[PDB]
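K.L.:
One letter stands for each residue in the lines below.
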Amino acid sequence: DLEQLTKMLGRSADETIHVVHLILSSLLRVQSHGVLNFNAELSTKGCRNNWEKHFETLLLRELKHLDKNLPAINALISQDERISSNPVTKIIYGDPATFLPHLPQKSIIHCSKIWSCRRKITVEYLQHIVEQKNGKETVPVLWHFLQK
Amino acid sequence: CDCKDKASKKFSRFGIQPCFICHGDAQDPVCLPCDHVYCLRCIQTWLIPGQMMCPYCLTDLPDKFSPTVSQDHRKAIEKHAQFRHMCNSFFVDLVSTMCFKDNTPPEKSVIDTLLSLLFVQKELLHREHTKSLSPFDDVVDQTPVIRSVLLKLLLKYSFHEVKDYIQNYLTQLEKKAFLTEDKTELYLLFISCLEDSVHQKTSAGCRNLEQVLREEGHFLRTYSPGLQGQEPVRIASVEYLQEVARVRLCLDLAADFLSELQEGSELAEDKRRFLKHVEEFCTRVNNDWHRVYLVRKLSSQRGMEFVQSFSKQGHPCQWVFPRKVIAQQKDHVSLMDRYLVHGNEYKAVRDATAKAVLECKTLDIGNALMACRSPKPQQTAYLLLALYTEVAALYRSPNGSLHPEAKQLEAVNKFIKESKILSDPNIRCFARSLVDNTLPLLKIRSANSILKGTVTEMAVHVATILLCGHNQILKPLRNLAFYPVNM
Ligand SMILES: [Zn+2]
Numbered sequence: 001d002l003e004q005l006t007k008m009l010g011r012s013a014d015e016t017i018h019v020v021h022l023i024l025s026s027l028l029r030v031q032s033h034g035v036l037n038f039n040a041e042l043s044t045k046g047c048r049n050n051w052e053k054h055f056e057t058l059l060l061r062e063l064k065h066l067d068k069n070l071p072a073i074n075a076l077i078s079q080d081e082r083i084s085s086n087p088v089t090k091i092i093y094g095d096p097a098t099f100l101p102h103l104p105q106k107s108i109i110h111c112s113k114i115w116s117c118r119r120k121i122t123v124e125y126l127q128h129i130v131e132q133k134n135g136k137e138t139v140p141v142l143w144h145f146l147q148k
Numbered sequence: 001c002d003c004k005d006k007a008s009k010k011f012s013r014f015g016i017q018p019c020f021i022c023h024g025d026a027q028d029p030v031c032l033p034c035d036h037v038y039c040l041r042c043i044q045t046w047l048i049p050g051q052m053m054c055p056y057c058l059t060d061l062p063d064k065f066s067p068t069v070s071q072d073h074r075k076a077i078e079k080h081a082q083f084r085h086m087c088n089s090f091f092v093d094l095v096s097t098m099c100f101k102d103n104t105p106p107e108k109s110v111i112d113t114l115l116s117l118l119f120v121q122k123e124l125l126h127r128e129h130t131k132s133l134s135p136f137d138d139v140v141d142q143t144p145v146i147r148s149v150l151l152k153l154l155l156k157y158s159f160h161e162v163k164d165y166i167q168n169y170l171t172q173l174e175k176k177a178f179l180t181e182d183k184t185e186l187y188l189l190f191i192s193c194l195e196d197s198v199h200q201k202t203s204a205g206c207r208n209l210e211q212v213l214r215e216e217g218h219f220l221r222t223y224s225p226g227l228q229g230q231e232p233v234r235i236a237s238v239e240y241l242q243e244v245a246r247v248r249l250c251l252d253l254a255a256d257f258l259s260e261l262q263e264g265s266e267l268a269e270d271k272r273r274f275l276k277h278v279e280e281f282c283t284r285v286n287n288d289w290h291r292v293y294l295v296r297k298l299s300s301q302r303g304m305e306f307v308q309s310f311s312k313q314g315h316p317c318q319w320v321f322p323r324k325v326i327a328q329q330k331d332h333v334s335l336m337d338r339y340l341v342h343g344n345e346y347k348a349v350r351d352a353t354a355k356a357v358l359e360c361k362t363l364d365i366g367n368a369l370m371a372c373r374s375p376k377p378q379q380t381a382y383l384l385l386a387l388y389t390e391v392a393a394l395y396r397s398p399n400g401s402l403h404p405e406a407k408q409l410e411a412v413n414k415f416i417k418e419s420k421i422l423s424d425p426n427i428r429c430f431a432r433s434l435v436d437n438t439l440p441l442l443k444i445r446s447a448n449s450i451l452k453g454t455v456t457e458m459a460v461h462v463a464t465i466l467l468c469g470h471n472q473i474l475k476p477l478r479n480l481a482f483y484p485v486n487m
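Note that the protein sequences, when read in sequence, are chains P and A.
Under the working numbering, the first residue of the first sequence is numbered 1, with each subsequent residue one higher.
Under the working numbering, the first residue of the second sequence is numbered 1, with each subsequent residue one higher.
Worth flagging that the hints you see were computed from the coordinates, not collected in a lab.
To give an idea of the interface, some chain P residues facing chain A are shown, with a C-beta separation under 7 Å as derived from the structure:
1. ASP14
2. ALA40
3. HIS102
4. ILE109
Ideal Cβ placement from N, Cα and C applies to all residues, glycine included.
In isolation and in its complexed conformation, chain P is listed as follows:
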C-alpha cells in the first residue's frame, strides 16, 4: 500500500507520507456528529455502506484541501531546529544549494529549480486527476478506461 500510494500521487515519498499524516490528523478535529443510524459492530451491509458514505464525505472534504497546505508543511518541517543543521536536508528539502562553496557560479542555466526533480507521469496519477476535476460529467470515457 505504501508503494502504490507513492506511485499514485505525483509527490516524493516524504510528501505522500505527509498526505497520509494530514488525513489522520484531519479526521480528529471533525467534531460535528451527524453519523447516526448504523450498528457500531459492522454487522449489516447497510450499516457498513452508511459508514462508507460518511467516511467518504470526510475524506473528500479533506482531500480537496491539501495543495494549499503541503508547501507550508514543507516550510515548517524544513525549518525544524535539529535536522536543519544536517547538510543533507538543505540540498534536498527546500533550501538553495548555493551555500556549498565548491560549485559553478551563478549562471542562467545553473539555478536550483533547473536542477530540481519532477514527476514521471503514469496512469494512476491520471486516475487521481480525473476524480478531482469532475470526470463523471465532462470526460466519461477516460474515467471508464482508467477504471479497468
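Here the structure of chain P is known, so what remains is to put chain A with the ligand in place on it, guided by the hints.
P.N.:
For chain A with the ligand alone, coordinates are given in the frame of chain P:
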C-alpha cells in the same frame, strides 16, 4: 478567416469587434453611435477625461455611455465566442493530426508560418502578445504567455533536423518577450520538452537495453565539457539544453540502478560498468549541480532515510555525494519528526518533553500544555505522541538507550499521578505500556529496517488517534484495534 468574418456580418450587423483598449471581447457591452462595441470598464476608465470622442473612427459621442444592449450584444458575443472556440479547436486538431502525420517533417515555410502565426505584430495604440494557436487576430491575452504545444509537436521527429526552427523561435521570444526576465522557467520548460521527446523516441521505439546503455556510455566517455560557450548571460543553444537533458536521463537511469542496487543483489557486470562511467563522469567535472540533481532524484524515489543510509562511513557508493557534505557529517544523524503536521502546539509540548527528558523536572510539560489552545483530544494526542517521540529517540539511538529508567520514570509517573489530563484508565493503560517499552508495536520484527520505522510510526499514530479521538466515525475502528474477539 473569411468564413469567420462573413459569419460575423451574418451575425450582428457588420462587425462585432473587440474593444480597441483591451483588444478583447466586451463585458457589459456598451454601443457607440458609430457601431462600436467596447468594454464597460475600459470606457469608464477612458471616457471621463476630456476625450469625449472615438478611439477607432474619431467620432464625437454626444451625451454619455448610456445605451447598453441587453438583447442583442450578449447573445452576439456568446455565439461569436462559441464560433471562435470551435474554429480554434478545428485548427489545432488539423495541425496536430494532418500537418504532422508520418515520420517525415513538413517543409520549411509552413513551419515558419506556424511560428509566425503565434504573434500579433505592431498595431497603433501593449505590443507583441502571444496567442493560443489561432488563425484569427481578435483573441488576446494581456500578458505574454508561452505554451508548450508546438514545442512537443515539433520534437516528435528526429532532433537532428529541428534544431534551427526551435532555435529561431527561441531567438524571437528572447528579442520580443523575454529580454530581461526569469529565463530559468522557460529554460526548464525547454529541458522538460526535450527530455519528454527523448522519452517518446526511446519508449515508443523498439530497441533493447544494451544498445541504449552502450550509446549513452559512448556519450559519457566522449563528452567534451565545453561549458564556457553557452554560459554567461544570454547564450543558450538547443544543443546545450539537449546535453543537459541527456545527462539528466543518464543520472535518472543511474539513480534507478542505485535504488535497484541497495534493494537487491549484483548488477550483471554491465550495469556495473555503466555506474562506473557515471562515477567517472561525476568525478571528472566539477559541475556538481548534476550531483545535486542525482541526490534529489534518489530522495524523491525512495525517501530521506534512504540517502541517510547512503551517508555512512565506508559504503562503496560514497561518490554520489559532494566533497563538503561528507567531512562535516557526524554519525548521530537522527530522524525526522513527521508529527509537526499538528504544528506550533505540538512543537512546544515536544520541546518541553525533551526538556523533561534531559532534566528531571516534569512541571515544564504541564506549563507548555497550559500554554496552548485547541482543547482536550488533540492536547492528549500531543502529549502521548511527544512521550512516544522522546522515548523512541532515546531507545533507538545506541548512545542514550533506556534513559527514563535512569531515575526519570519516577518524575514522569509523578506527572501522571498529578495531572488529570491523561489519567483516564484507557489512556493510562496505554501510557504504562509506552513508558516501560511493553507496547507490542516496537517489536514488529520487519527485517528490512527502513520501512519498519515507518510501519511503527503509522501503527502508533493510528492507535493514538483511536484512543484520543472521541468520535462516532471512529467507533468501528476502535473495535478493530482493541476488541477483536467482539469482531
Ligand atoms: Zn475592451
